[PDB]
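Next up is one chain by itself, shown in structure tokens, the form solved without the ligand.
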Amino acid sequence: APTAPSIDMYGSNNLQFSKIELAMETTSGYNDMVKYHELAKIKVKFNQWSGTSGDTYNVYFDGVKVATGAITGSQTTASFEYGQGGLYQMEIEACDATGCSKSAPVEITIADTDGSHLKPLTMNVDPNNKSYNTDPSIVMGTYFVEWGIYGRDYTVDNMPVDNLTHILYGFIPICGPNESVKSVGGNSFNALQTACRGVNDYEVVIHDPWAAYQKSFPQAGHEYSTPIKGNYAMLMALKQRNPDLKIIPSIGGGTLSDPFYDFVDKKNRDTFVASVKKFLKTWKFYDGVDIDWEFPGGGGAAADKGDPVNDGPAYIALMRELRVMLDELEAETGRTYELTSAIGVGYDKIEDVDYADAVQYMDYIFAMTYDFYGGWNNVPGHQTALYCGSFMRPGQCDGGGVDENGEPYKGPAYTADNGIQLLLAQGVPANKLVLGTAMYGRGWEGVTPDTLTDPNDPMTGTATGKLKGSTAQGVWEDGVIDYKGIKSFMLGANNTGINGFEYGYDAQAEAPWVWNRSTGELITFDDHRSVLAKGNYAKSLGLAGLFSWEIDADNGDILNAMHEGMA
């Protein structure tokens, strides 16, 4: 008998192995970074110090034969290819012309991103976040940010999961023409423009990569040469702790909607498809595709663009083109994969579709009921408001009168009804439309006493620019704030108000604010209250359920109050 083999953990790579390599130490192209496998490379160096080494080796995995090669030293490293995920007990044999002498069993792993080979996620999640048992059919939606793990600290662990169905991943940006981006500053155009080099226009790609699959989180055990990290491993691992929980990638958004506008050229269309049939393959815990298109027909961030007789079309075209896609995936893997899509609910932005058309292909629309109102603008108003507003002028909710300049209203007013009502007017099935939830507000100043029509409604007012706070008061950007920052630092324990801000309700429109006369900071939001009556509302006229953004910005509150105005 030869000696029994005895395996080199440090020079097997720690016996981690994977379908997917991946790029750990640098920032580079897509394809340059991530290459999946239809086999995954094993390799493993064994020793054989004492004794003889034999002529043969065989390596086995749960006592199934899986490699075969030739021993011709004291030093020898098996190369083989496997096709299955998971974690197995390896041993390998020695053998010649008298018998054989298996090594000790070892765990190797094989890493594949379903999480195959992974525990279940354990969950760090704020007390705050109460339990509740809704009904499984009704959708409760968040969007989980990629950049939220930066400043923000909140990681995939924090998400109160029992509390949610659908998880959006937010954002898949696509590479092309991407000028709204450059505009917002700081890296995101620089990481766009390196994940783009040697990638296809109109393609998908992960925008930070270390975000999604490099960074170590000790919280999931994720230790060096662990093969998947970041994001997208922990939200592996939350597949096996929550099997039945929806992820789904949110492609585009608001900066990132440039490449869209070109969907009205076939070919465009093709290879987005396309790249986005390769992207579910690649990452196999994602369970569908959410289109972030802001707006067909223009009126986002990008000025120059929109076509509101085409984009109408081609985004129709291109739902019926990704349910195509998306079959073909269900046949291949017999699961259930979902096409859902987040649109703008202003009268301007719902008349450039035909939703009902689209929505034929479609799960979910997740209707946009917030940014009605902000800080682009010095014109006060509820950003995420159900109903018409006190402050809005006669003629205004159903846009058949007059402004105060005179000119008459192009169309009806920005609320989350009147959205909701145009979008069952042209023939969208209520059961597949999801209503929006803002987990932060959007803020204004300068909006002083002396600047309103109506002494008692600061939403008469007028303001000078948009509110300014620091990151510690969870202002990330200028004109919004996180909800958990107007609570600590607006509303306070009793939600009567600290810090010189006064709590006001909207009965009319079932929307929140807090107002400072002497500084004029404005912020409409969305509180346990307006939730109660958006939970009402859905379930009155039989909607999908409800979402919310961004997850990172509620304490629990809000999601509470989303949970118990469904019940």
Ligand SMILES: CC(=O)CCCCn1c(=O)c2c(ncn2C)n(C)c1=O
The other form holds:
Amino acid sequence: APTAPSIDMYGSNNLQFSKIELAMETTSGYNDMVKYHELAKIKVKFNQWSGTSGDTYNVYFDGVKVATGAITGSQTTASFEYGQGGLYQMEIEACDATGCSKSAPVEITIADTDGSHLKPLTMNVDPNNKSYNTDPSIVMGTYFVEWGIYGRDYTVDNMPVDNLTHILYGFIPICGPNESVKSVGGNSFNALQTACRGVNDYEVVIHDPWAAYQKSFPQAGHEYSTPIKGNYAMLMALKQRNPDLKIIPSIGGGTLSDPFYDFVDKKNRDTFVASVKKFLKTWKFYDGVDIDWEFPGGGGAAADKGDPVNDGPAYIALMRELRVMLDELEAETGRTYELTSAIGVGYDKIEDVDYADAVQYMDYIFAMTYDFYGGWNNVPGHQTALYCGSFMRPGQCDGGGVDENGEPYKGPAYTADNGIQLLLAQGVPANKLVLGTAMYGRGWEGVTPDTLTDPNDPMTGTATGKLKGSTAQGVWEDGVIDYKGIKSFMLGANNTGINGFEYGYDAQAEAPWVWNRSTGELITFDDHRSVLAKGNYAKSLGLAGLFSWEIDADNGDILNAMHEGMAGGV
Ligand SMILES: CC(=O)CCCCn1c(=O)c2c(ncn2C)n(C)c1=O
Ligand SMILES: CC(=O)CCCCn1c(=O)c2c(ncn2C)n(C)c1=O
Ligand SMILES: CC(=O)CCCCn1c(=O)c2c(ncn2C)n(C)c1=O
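Could you drop in the structure for the form solved in complex with the ligand? We only have the form solved without the ligand so far.
In what comes next, the whole complex appears, and the chain from above leads the way.
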């Protein structure tokens, strides 16, 4: 016989609650901005403006009692905890000695990071991505980059997810020595320093919390009160649409790998593995971890780091210790968690790790069969060829010979086949290796006809510097161009060359190029033909499948060719 409660929607945070507490309106240290709670804190204000208030309230979710407390006037705040994410029909009843009066039901949301409070994501995929019926046991992976939501304007709902088995989310940094990030310029290092305030060295953090969980995306139905927004909320709604898709955070990458060189000290590995565990308990849409250390032994961005004696065993110990940790998580959750890694495949990178040993702990190795040549020097070559190109010298392919000054080659040339064969030769099983495809070109300026030693092969020329171009043409950094930019501005609709470019294909190497004889612009990339060759190769060897770098740079053609190449290899 009290007055039935009316719920104050605006005074109760629009009934949006969450197991994870995320700062939405600042940028600060990771432990300050993100706190995961086993019980969500619920606070609901309700009013009984007329009649009698009564003396106690009970709260029901879908008919089940979940909280009780005292009413002592005409406005009450009910505070309680609840442990399960989801949407629920909430009623609040007020009671006195004579009876109870229940409010009308209203939906309350309790967010959790598995996306259990979210409907399947609405997609907006370019229709140039076709539908395939590829065997679901073949890996078809890609990297989605966190910063792609800015100038590249490529969001989670743009991904052709039904053509993917694995989404690797690039990248999760590690607090600590990070001079390589500083050297890149822009705001990357400053962002990282902020995220690491109050964080122990060697723990993972989110690099850009605005991209990850703050930015409101209209296409995803995000509102002011939505407790999780950003790319991560969209990946959560994506797992609701595609529950079998694996979404894996990739830790490291070329500029973020500095802290891995300190993993020869086991205390640093323990700190890092513990932070990864906490990370996967906090962000439950993720299905494992991808380790992208570029590179054990050195030769990467950090010119002053790398230990060819100790980094390999440290890498193998890291994989064992991660696998132990992921086994605990599988025990706690009943889920399967995957452990993978993207690796350099030049002989000098491979030789520093016993991968046959590492790989017993791992689900897959993503072999980085690209970046073999590029604008960091003026030597043209195929950056992603399967085999040795026509431009190579006698004995260069297998490393038997000498260069143009008579210097002996130090090892086999950089090709996908050389890398894959070296890994098989170590005893890595073919069905754990995933072959990489480039959705971008690397290129040079200045490779004009007078520099060529073979007048029909620009790979025999010499450059003056890196390819220059605008972001409109898909050039986001010097020397690098999106595949969709090469297609729009160099190849044209018929793949025969526009704007002063001509198309060529080195049939020996299985590698395409476009060349502008007058500017001497030369770009090496993967196209439909070379990606079919890769698919045939992967099929021949019984590899796990294919992956690509990076999804925002494709227009559909490369991922389509990945699927066609895997079907059609003979
Ligand atoms: C600038 C900010 O808000 C957080 C840091 C983002 C990190 N980041 C990039 O922004 C980026 C990038 N490459 C190109 N860009 C534009 N990398 C490698 C990166 O880590
Ligand atoms: C502006 C920008 O993004 C340049 C990044 C180059 C950093 N970097 C590498 O990533 C790298 C490398 N060797 C292998 N890798 C993967 N070196 C020598 C490098 O500087
Ligand atoms: C196949 C393999 O082992 C590649 C090793 C890294 C290639 N590479 C560079 O050498 C490099 C670079 N930037 C500057 N440099 C000198 N990047 C981005 C790179 O990938």
